[PDB]
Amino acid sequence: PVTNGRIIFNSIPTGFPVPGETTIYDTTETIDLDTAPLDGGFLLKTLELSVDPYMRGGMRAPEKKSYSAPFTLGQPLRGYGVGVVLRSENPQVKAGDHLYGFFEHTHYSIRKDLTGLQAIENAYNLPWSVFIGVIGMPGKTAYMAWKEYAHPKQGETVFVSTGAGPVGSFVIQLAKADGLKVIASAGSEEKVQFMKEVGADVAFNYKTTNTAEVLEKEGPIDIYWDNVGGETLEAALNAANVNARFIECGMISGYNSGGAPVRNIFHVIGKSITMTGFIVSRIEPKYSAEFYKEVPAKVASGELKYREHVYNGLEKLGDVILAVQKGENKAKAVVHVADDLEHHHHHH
């Protein structure tokens, strides 16, 4: 029998998550990989777990019942991941199958069927982590909301906040393929270099650069991709062109402080702005087939560039959640939970 560790949602944070208090790591549960009773289901080994900015918002008290369900106190966290089937008594599932979907933040789970899971099409033998990033929900977010809401015209100017993340860096590349001038900002020099590498025309570190002054010089802006909200949205509103489109994807500047105010929303009227918020899952059905047919080949060839920040060990996941909220992840945050016994064979 081996350890089946779990990352537990333990207490509601007031500001930023507190690793070891907000989330705890539990190693008291075990599983026998050969003996675990499957009951016609299958044994699924967690390989890669995504850590995403939205996880902070699920750390709240239980309130009525809405579409947005908070994490349950005392239960494992959960989110997108990749796993492999070790042992199956279910005819739809074969040992060695790699599956994508929501995973509890544990080493192993026993699933009765494929509800919530999809077989992964990996024709290019890409690292499994790409299916929770550029070929996962963050890539879908950029791909689908851009096509749905940007209405880009060649020669217009777009401002992308958090341009070095998995969403923003995808958006930059879609915007350049449409012939737009791209302004993008991130929180470190290494992220600025990546933004230039994926083709940002103006790439800057918002911690060492006056954002409003850059937008004044390089704008006005026809499209704002909002990942930050707050003062950065205010800056975009001040620099907006008439008939600008504001794609409201995230507002991370308020995730750990109860939201961030906007004081100049009147520009939406004065400048005839269309500001559209979206949740990627709501618009994905229209685009999922096209996304999975188009994106893997471009990741394999380098047409679509990506970066990731891999953290090794389920026990780090709580710290990784804080790292993302604090902007300390260098790129898309991946918790590598376990290896797959193929490609990475352990030997001395």
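Here, rigid core means the biggest group of C-alpha atoms that superpose within 1.5 Å across both forms. Numbering follows the first chain given and starts at 1. Compared with the form deposited in another entry:
- With a cut-off of 2 Å and the rigid core superposed, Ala289 has a Cα displacement that falls short of the cut-off between the two forms.
- Core-superposed comparison between the two forms: the C-alpha position of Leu304 differs by less than 2 Å.
- In the core-superposed comparison between the two forms, the C-alpha atom of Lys94 has shifted by at least 2 angstroms.
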The other form holds:
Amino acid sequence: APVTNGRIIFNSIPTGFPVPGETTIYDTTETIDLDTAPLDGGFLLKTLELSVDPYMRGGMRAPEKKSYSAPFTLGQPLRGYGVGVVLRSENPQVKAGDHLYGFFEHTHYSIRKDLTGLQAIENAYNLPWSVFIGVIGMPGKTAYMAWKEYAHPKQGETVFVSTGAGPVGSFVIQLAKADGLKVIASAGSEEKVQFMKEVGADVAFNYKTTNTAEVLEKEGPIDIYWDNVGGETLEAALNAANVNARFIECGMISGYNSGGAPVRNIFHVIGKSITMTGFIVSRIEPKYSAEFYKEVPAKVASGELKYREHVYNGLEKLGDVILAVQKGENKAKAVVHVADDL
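Please supply the corresponding structure for the form deposited in another entry (the preceding block corresponds to the form deposited in one PDB entry).
Since only the chain itself is given, any partners or molecules it might have are not part of what comes next.
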């Protein structure tokens, strides 16, 4: 018999933080018959896990694709990264039981014509599906691929990782330790400092209680800076950089429209012979994707590569999770567990 196809609908444009029940609504007006719904040569896809990733620069938009992050449509579901399982297929590209990663609408079920925006997941070690939207998803790929492309590490160099406890930063710490580097890393809470230490940071500190410039003077100079914040932290890193340092520019704080904070000491790029490289993960992903999806699951399964997630149960909560993430209240990479797999 038909079942509810619940949906998190974009309902109004917020001027401040999103308001659950106003910005988003949980809508149960659609049903679907999983056995008889017409597929017309496509396939029926059951949502399992949905990522809630923060937005800021460019406003409320889908995660970036083609280097285009699209706005949402009022009255239609929100969207983001997810994992799902195929229930039924009339398409030779996929079969029942296949698990797929990519862009998902925030609904229990969807009917897809083909694999556009999706890829088969190889889960040889039977890891929890949610890892594929975190440590083995976009955040992990952001850390792994840019590290391999740009860090050019040498044994015993010193790296400073900003936002070091996050899904990207905590992976960077572990990549750096595996390359024999000394790691300095900072975050904004005690629990985050504890996680940075757990994953191997040599010098882990809370930038709200400890002077970043003082730490970098005592523990540097810095050969590699991994930038997730820009602004004052980037300026401090420039002041503490060694000659021939590499500054990997991953993210920067902004508002919807402000772009980023000024850099007032950029001459250090010349004086200290710094290579500062920005990147967007989708542009470099083709060079590393197969290696990433082969190697990273093994390191998760063995416990070598540590990660944290904050799981919230139920699609109906997703709008509340959006607000929690915008407020920084989630303890780790936010995941909405939509359904079990069986």
